[PDB]
Amino acid sequence: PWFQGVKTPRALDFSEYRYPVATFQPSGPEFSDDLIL
Amino acid sequence: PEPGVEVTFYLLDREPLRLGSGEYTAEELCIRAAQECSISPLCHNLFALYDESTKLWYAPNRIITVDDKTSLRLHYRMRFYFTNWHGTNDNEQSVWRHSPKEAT
Numbered sequence: 255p256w257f258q259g260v261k262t263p264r265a266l267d268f269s270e271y272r273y274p275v276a277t278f279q280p281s282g283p284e285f286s287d288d289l290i291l
Numbered sequence: 032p033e034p035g036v037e038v039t040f041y042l043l044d045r046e047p048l049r050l051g052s053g054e055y056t057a058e059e060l061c062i063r064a065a066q067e068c069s070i071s072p073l074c075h076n077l078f079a080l081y082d083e084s085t086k087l088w089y090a091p092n093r094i095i096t097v098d099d100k101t102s103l104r105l106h107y108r109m110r111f112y113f114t115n116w117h118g119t120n121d122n123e124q125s126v127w128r129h130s131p132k145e146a147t
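Chain order of the listed sequences is C and A. Heads up, PDB author numbering is the position in the first sequence plus 254, with the first residue counted as 1. Just so you know, the second sequence maps onto residues 32 to 132, 145 to 147 in PDB author numbering.
Calculated directly from the structure, the hints in this document are not laboratory data. Note that the Cβ used here is the ideal one computed from N, Cα and C, for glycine as well. Check before you lean on any hint, since a few could be wrong.
[As the list claims (entries may be wrong)] Here's a subset of chain C near chain A, in silico, CB distances under 10 angstroms, partners left out:
#1 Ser269
#2 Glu270
#3 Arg272
#4 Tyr273
#5 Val275
#6 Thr277
#7 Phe278
Kindly produce the complete structure, drawing on both the sequences and the hints.
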């Protein structure tokens, strides 16, 4: 039966690709100093 | 088999969590697993806990107690999934996050 049928799987063609979010840029300052009234 | 509770993942490189005592809440162990597997805080809430031997999932505020005798195996899995998240399926609209004034 299947001996006479040969065909590549249909889930092997690729198109338009894809893209996720990579990451977030780390950034933060610190410049506190404190006094009382 | 051996006495004790074990967390399990799907990556052989990450060693399983191991604990002998302590009185925990599911969110703490969840964000512990997240820290160990290095998941962004923007994405940790997609994950939860599940018991294969019970076919049930623990509550976010559920309390788990050890008594030097208890033992069970747990699975830190992602649960909330949305179909056609990708853009490969052109037959239906995909999904995306909102962006401040392309799609994220």
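Each hint, compared with the structure:
The interface hint given for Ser269 of chain C holds, since its Cβ lies 8 angstroms from the closest Cβ of chain A, which is under the 10 angstroms cut-off. Interface restraint check for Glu270 of chain C: the shortest CB-CB distance to chain A comes to about 7 angstroms, inside 10 angstroms, so the restraint holds. Proximity of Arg272 of chain C to chain A holds as hinted, the smallest CB-CB distance being about 6 angstroms (cut-off 10 angstroms). Checking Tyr273 of chain C against chain A: minimum C-beta separation of about 9 angstroms stays under 10 angstroms; hint holds.
Hint on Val275 of chain C holds. Least Cβ distance to chain A is approximately 6 angstroms, under the 10 angstroms limit. A cut of 10 angstroms between beta carbons decides the hint on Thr277 of chain C: the least distance to chain A is about 8 angstroms, and the hint holds. For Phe278 of chain C, the interface hint holds, the least distance from its beta-carbon to any beta-carbon of chain A being 8 angstroms, beneath 10 angstroms.
Checked against the numbered hints listed earlier, the structure breaks none of them; every hint is satisfied.
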